[PDB]
Amino acid sequence: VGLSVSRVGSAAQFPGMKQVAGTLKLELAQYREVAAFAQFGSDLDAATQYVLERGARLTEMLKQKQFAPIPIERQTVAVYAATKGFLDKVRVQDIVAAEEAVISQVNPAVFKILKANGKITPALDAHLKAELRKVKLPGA
Amino acid sequence: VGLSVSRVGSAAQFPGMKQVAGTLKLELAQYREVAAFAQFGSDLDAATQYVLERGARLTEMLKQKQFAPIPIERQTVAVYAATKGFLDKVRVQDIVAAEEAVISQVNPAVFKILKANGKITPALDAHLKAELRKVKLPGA
Amino acid sequence: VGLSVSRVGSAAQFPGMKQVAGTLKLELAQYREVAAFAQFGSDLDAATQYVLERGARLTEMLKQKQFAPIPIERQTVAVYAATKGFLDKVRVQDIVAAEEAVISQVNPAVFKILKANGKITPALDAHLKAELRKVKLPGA
Amino acid sequence: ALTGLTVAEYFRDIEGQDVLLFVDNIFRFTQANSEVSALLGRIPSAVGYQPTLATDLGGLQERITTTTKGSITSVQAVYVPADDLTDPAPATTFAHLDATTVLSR
Amino acid sequence: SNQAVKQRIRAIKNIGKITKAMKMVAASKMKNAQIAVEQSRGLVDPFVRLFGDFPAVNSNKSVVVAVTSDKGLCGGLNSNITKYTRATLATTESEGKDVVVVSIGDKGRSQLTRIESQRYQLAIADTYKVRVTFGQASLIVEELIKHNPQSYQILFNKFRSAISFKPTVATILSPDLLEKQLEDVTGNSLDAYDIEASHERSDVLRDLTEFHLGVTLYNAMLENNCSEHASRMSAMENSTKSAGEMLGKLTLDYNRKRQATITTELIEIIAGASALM
Amino acid sequence: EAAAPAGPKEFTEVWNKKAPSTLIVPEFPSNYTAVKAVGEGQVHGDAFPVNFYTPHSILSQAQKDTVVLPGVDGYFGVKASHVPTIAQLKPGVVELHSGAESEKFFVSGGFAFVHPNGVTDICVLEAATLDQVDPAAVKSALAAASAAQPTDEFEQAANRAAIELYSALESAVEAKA
Amino acid sequence: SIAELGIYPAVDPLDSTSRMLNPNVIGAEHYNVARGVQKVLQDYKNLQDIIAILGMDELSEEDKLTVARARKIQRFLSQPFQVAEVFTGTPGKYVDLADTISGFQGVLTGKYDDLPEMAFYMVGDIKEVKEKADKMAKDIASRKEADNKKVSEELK
Amino acid sequence: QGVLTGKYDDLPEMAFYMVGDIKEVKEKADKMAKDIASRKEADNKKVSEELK
Amino acid sequence: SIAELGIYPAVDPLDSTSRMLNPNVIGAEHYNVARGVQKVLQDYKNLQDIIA
Amino acid sequence: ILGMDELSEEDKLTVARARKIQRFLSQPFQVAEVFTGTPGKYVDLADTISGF
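Going down the list, the protein sequences come from chains A, B, C, D, E, F, G, H, I and J.
Each residue of the first sequence is one higher than the one before, counting from 423 in the authors' numbering.
Each residue of the second sequence is one higher than the one before, counting from 423 in the authors' numbering.
Each residue of the third sequence is one higher than the one before, counting from 423 in the authors' numbering.
Each residue of the fourth sequence is one higher than the one before, counting from 262 in the authors' numbering.
Each residue of the fifth sequence is one higher than the one before, counting from 39 in the authors' numbering.
Each residue of the sixth sequence is one higher than the one before, counting from 23 in the authors' numbering.
Each residue of the seventh sequence is one higher than the one before, counting from 367 in the authors' numbering.
Each residue of the eighth sequence is one higher than the one before, counting from 471 in the authors' numbering.
Each residue of the ninth sequence is one higher than the one before, counting from 367 in the authors' numbering.
Each residue of the tenth sequence is one higher than the one before, counting from 419 in the authors' numbering.
One or more of the hints may lead you astray.
[Said to hold, decoys possible] Here are the simulated EDC-like cross-link-like pairs (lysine to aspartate or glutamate), alpha carbons at most 20 Å apart as the crow flies:
(1) A:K506 x H:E511
(2) B:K506 x G:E511
(3) E:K121 x G:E427
(4) E:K121 x F:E49
(5) H:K501 x H:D491
(6) G:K405 x A:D516
(7) C:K485 x C:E475
(8) A:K534 x A:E522
(9) B:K506 x G:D513
(10) F:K58 x E:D222
(11) H:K522 x A:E553
(12) E:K67 x J:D423
(13) E:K55 x I:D415
(14) E:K55 x C:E455
(15) E:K287 x D:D344
(16) A:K485 x A:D510
(17) F:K101 x E:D232
(18) G:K411 x E:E283
(19) I:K411 x H:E483
(20) E:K51 x I:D415
(21) F:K40 x G:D480
(22) F:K40 x E:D136
(23) H:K477 x I:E395
(24) A:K506 x H:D505
(25) E:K279 x G:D415
(26) E:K55 x G:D415
(27) B:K558 x B:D510
(28) E:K204 x G:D423
(29) F:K198 x F:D156
(30) E:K121 x G:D480
(31) E:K184 x E:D241
(32) E:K55 x C:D467
(33) I:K405 x C:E475
[Unchecked claim] Some chain G residues close to chain E (C-beta under 7 Å, calculated; not the full set):
(34) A418
(35) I419
(36) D423
(37) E424
[As the list claims (entries may be wrong)] Reference excerpt, derived from the structure (chain I facing chain H, CB under 10 Å, subset only):
(38) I373
(39) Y374
(40) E395
Because the hints were derived from the structure by calculation, they are not lab data.
All residues carry an ideal CB built from backbone N, CA and C; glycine is no exception.
Taking the hints into account, I'd like the entire structure generated from these sequences.
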């Protein structure tokens with residue numbers, strides 16, 4: 423992530439992903455910022471240990487399989503569900519499993535209106551935060 | 423001894439030397455697991471002092487001066503005396519004298535038996551072990 | 423300092439500097455070997471902390487601004503004032519009024535004698551030691 | 262260095278003596294022969310030395326020997342480039358050295 | 039390419055300088071904090087000469103203290119003590135009893151709250167931040183008699199030599215609860231002493247076991263601090279020899295890549311010139 | 023009754039059966055103790071071994087012939103074979119004697135054991151000899167101590183300790199012989 | 367370097383690849399244990415210089431578990447060959463595929479954290495780890511059993 | 471010169487990140503410390519309710 | 367290396383040089399704060415290795 | 419890092435031998451007595467072996 427650049431940056435991606443991806447790009451920079459300080463175990467003031475799980479949950483969010491691309495609205499729902507709340511009580515081992523709970527169990531009509539708007543409107547942000555609390559996350 | 427191999431002439435070994443060289447290089451093999459951490463590396467457990475002070479005597483058994491090559495029947499007798507434990511009481515500083523005392527003091531009939539039979543026959547290990555207890559190894 | 427050589431060496435320097443700089447390069451070498459301990463909180467045995475503060479004030483002695491070269495008699499006096507122990511062993515808020523204060527507050531007759539004789543005689547290091555003690559630095 | 266070897270070889274082969282020969286920087290001998298073979302258009306070998314490095318060194322170092330009439334002993338100052346003993350010029354020169362005198366600061 | 043191995047050589051070289059500095063820092067700290075250890079060794083033995091040494095008592099509430107270190111380059115010391123802590127803590131637990139586990143030093147809290155989190159009530163750190171003194175051990179011991187246990191197991195590393203650090207367990211019995219009872223044989227073994235104090239023996243033994251807990255806790259953290267410095271002095275020695283072997287290997291790899299670079303750049307130049315000549 | 027004999031020999035078997043066999047048995051402070059209480063000896067006549075102790079220093083470990091200790095019931099001398107005692111000490115002067123010459127350390131409290139083999143053990147937290155105390159400070163400190171008496175009786179316990187220690191110290195500095 | 371450890375065949379587990387390592391051809395139970403073994407071996411390779419310049423004494427106890435498990439599963443990739451038995455003497459071990467998948471699930475989950483590292487070296491199956499682990503504990507106890515002397519054979 | 475001589479050790483460290491003058495790190499510290507003073511109410515009447 | 371910390375423009379403050387960085391040209395007050403920033407940055411660059 | 423006082427008596431005997439061994443490796447040369455006054459020594463091999 424640190425070495426892969428892009429020249430266009432914004433103005434050439436999804437607007438709804440543009441709302442939810444800058445807070446992922448900078449938070450992974452915070453997560454890589456503490457990896458050279460995780461060989462000792464001092465765990466400073468619940469910051470260098472909190473992002474040490476938050477970014478580790480984000481990098482598990484970014485994994486995916488082969489020959490199975492995801493539509494863009496399901497990606498910007500699935501990374502909405504990670505850089506916001508709804509996933510910090512989940513183990514790092516099973517977020518790849520938790521993402522299908524997020525994608526499938528949530529009503530497939532929020533995907534159509536997120537595709538057709540193009541961004542996350544506050545009318546849609548409310549229902550998206552509402553239906554991200556009703557699903558069952560398998561982490562135990 | 424770890425990096426050196428010869429797997430073609432391993433089939434063409436002197437028998438008798440093949441009998442004792444197996445436990446020779448196995449004892450040196452588990453001696454190489456005590457390399458640079460006897461009490462150099464971290465600590466000492468001091469139960470493997472037997473393999474430490476055995477691999478040392480097997481190492482200084484195999485040392486040899488220049489321009490004096492040894493016949494094979496006197497090599498296998500010397501390493502039989504080394505690896506059966508017949509030089510276990512001798513200190514590390516005079517195994518060079520101990521093995522030449524073994525060669526000079528053990529009667530030269532057993533060298534002819536070992537060369538002509540070509541193996542340590544069941545008639546020969548008894549007379550060898552009877553000859554090897556009645557020699558005066560220096561030091562101690 | 424450690425990688426800069428001159429194969430002509432001391433045969434072609436100022437004889438008044440040659441008897442002062444021979445101390446300087448020696449204790450600079452001593453400071454270079456004890457160079458990790460400058461960044462430590464636990465103070466050592468004060469044969470190293472002594473050479474640490476001494477080598478630090480000696481490296482700050484040899485700093486020089488651009489396009490302002492110094493005559494050889496003034497460099498000799500300023501190096502004499504740091505190798506013989508007339509150092510700023512105060513707290514170092516007075517760097518502003520003590521580096522140049524040595525060459526500006528001693529009387530210039532010692533420069534004339536040191537330039538014309540080319541050597542700090544026993545009749546001149548006496549007056550130079552008497553002159554170095556009465557240096558004002560009245561900013562404090 | 263061959264001129265110096267000739268003046269020593271007179272005292273060996275004719276006078277019948279035990280001669281010293283001080284080749285100051287055998288490395289500069291190697292370096293000069295590397296320059297010579299580069300000027301003759303030859304392709305350099307490993308790191309940039311002459312292809313004939315071993316034999317150009319052995320042309321010098323094999324006339325320094327003990328014969329039936331005398332001997333030439335040789336104290337050769339050795340420079341090691343880039344602090345690298347496996348550099349092929351000191352690696353080749355060390356093959357001919359029979360001793361080593363290290364002067365320390 | 040050939041620049042990464044050069045700066046890696048520089049990094050390993052400065053790490054070797056750093057650990058050679060830390061080795062003799064720990065050597066100085068062990069050499070000065072050794073006389074304090076031998077001076078504090080005197081006061082612990084009149085109590086074990088008086089009260090004795092009873093590790094295998096049957097108690098119902100017991101406080102076990104693991105004296106660890108604060109800084110984390112000790113090299114196999116705090117792990118050794120958290121091994122011995124549960125090794126003696128499972129040895130003396132077969133009665134269905136209560137156990138409070140306390141650690142002195144936050145590297146004990148990083149190692150004990152994952153192995154016994156059910157029994158861990160106290161974590162005491164910053165003890166070696168300037169020096170250990172008897173009033174500090176007294177305050178820690180008062181926090182230990184905040185609970186009212188029947189015994190006190192204290193786990194620490196005795197500074198035997200600069201190389202050997204024997205991990206010991208020292209036991210202190212509560213006065214009215216086990217101290218009078220573990221001395222009972224043919225009457226009592228403490229009745230030979232004529233008490234010349236103010237109040238009755240149930241308070242003399244209370245004062246004496248509070249004093250004895252404080253004294254062995256002072257000597258515990260003092261012996262453990264000296265062995266922590268002396269084991270850091272050996273761990274940093276191993277670190278310098280490891281970062282010297284690594285530097286000696288990586289310099290050979292750099293020289294090989296250097297010679298290979300000069301050869302392949304020159305072969306590129308010759309191949310480009312032979313196509314034109 | 024001692025049918026449950028705890029000890030260093032009897033911790034070893036329960037340890038060797040319960041704890042893992044990789045570890046050597048943990049040491050005990052009894053292993054570093056050369057002299058004890060019940061096993062006799064250590065007197066051989068008029069001498070007896072005195073071990074005067076502080077947490078920071080070992081003040082004496084030689085043999086003496088009499089020591090006078092400031093117990094709570096007053097001073098008392100310990101000759102070569104005293105009765106075994108556990109004497110709590112009050113602030114006063116511990117005086118050693120080896121013969122004609124004596125050293126007098128003023129102590130702050132502590133205890134003092136003498137054991138059935140005649141070895142005695144003086145165990146105090148702070149013992150400063152009388153040369154190290156200046157008398158101009160103890161008078162002003164007692165004046166500042168015997169003046170302010172707070173009603174919180176923890177502080178009056180500390181005040182009672184203050185006036186006891188300072189008064190015995192003031193009587194300990196005009197008591198030169 | 368794997369061969370300099372003594373581990374034969376000296377296959378680098380993190381430099382060997384296949385197009386058959388795909389869940390749609392070998393099934394997810396084989397693919398997940400293969401990717402888990404590769405994850406553990408890479409996560410041990412990331413610690414390789416910290417373990418060198420500092421030692422194992424300072425690592426986290428969730429990473430000392432990783433180092434011990436990877437030292438186990440890189441001895442468990444070692445295997446005696448039927449063609450290498452002429453110059454080693456240890457007989458060859460053909461291991462079926464399901465044996466390897468079950469034997470490598472077990473070291474990953476933690477079902478064999480009590481067995482020593484060298485119990486896994488040059489054995490066929492995870493069964494043969496168990497018969498080598500206890501045979502290593504007979505032979506540390508068979509040192510103190512008997513004093514073998516041979517009498518009255520000079521007339522035999 | 472302020473951050474060098476030490477006038478601004480009372481500002482947090484990331485307040486200096488992506489700003490203009492020295493008058494903007496001081497007010498980015500104010501915005502950061504009102505925002506880390508906030509996010510303490512969590513019960514209801516936020517955007518998540520439906521009849522809002 | 368500066369850009370991997372997210373600091374833009376990724377100007378190396380040490381490895382950048384100018385002919386104008388002279389106390390006779392831009393003034394000694396500008397020159398000393400420039401040299402002081404480079405001094406504290408080089409000291410931190412030397413301390414990072416013992417910090418880690 | 420520790421000191422010569424904590425050394426063994428045989429770990430001080432090697433020091434006491436090695437200091438005079440490395441002093442006994444020194445030699446005044448005949449080519450330096452031009453300007454250093456001390457006359458030069460030519461040592462035979464038989465004297466060297468016995469003297470060491």
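Exercise. Could you check the structure against the hints above and give me the numbers of any it violates, in ascending order?
Key: none
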